[PDB]
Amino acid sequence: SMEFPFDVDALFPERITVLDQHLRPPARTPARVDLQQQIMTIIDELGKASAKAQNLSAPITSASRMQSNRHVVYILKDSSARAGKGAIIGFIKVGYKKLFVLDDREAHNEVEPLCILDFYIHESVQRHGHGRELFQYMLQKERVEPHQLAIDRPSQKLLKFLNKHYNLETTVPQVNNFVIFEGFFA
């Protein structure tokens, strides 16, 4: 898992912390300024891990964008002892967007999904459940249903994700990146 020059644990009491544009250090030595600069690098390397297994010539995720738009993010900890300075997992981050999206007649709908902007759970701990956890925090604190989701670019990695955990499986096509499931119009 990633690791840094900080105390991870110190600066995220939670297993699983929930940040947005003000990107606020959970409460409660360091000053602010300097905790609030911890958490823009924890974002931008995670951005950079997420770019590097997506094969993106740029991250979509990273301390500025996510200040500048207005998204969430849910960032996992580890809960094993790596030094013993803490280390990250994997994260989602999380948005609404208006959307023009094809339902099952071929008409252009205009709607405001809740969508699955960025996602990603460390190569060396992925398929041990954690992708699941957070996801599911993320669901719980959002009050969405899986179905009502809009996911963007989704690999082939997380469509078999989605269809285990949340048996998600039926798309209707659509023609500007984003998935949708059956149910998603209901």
Second form
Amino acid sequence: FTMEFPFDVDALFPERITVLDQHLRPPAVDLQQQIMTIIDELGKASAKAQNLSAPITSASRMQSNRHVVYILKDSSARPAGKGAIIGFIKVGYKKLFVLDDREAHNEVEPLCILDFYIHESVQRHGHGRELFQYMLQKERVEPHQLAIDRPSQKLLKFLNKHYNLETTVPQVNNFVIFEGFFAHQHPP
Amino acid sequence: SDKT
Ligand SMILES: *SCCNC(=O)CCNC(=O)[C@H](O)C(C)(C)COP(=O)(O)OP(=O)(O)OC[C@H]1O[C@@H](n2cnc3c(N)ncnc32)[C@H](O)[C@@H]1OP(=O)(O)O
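Got the form solved without the partner chain; any chance of the form deposited with the partner chain bound too?
What follows is the whole complex; the chain from before opens it.
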């Protein structure tokens, strides 16, 4: 994944952030396969960045799940003149059982952050925050209401910096939640 | 979790 593709990304994705679900509908010569290729490459790049041995995001996985992907295109002009993709965030609701600090197991169904990647060359340029903000607005969720699948330390630093999030009770299910998640807690 |  280099950000660029052998087709015109700006024609494919007219909006700065494009939101796609299991149907992978092109915004309105196979445009859908262009989208599938972008997702495949993004997923492989994210996996490599997180030291995973295989992708957790792919076109086929999008088609077989109830996840939603937000894709950020590059709003600058590129020399090759066919646009570029910066990165993505993938979310989905999941049923979980989580332990609080009062010994209770709580059945919950929060929005979860499932994958999140910005191309290495343009990390720390604010793109991650932009994408995260757009997702929060569209999903109508606040950051402390989220669960995250096995977050990287980079993401924990990001969330503390931008949203003052602090992790709360550790779980046995590979998800992380933050202070404010439970009804008796208060967000930052 | 898909990461496990
Ligand atoms: S759970 C999977 C999360 N994905 C990854 O870990 C994949 C690799 N990283 C990325 O794709 C991006 O770096 C993520 C984590 C998605 C964040 O996006 P951006 O890099 O675009 O973030 P912003 O520029 O909006 O915010 C910058 C702040 O984010 C934290 N951070 C970014 N990169 C790092 C690294 N390498 N190490 C520690 N923290 C990092 C920091 O809080 C950074 O703020 P600083 O003041 O620069 O430290």
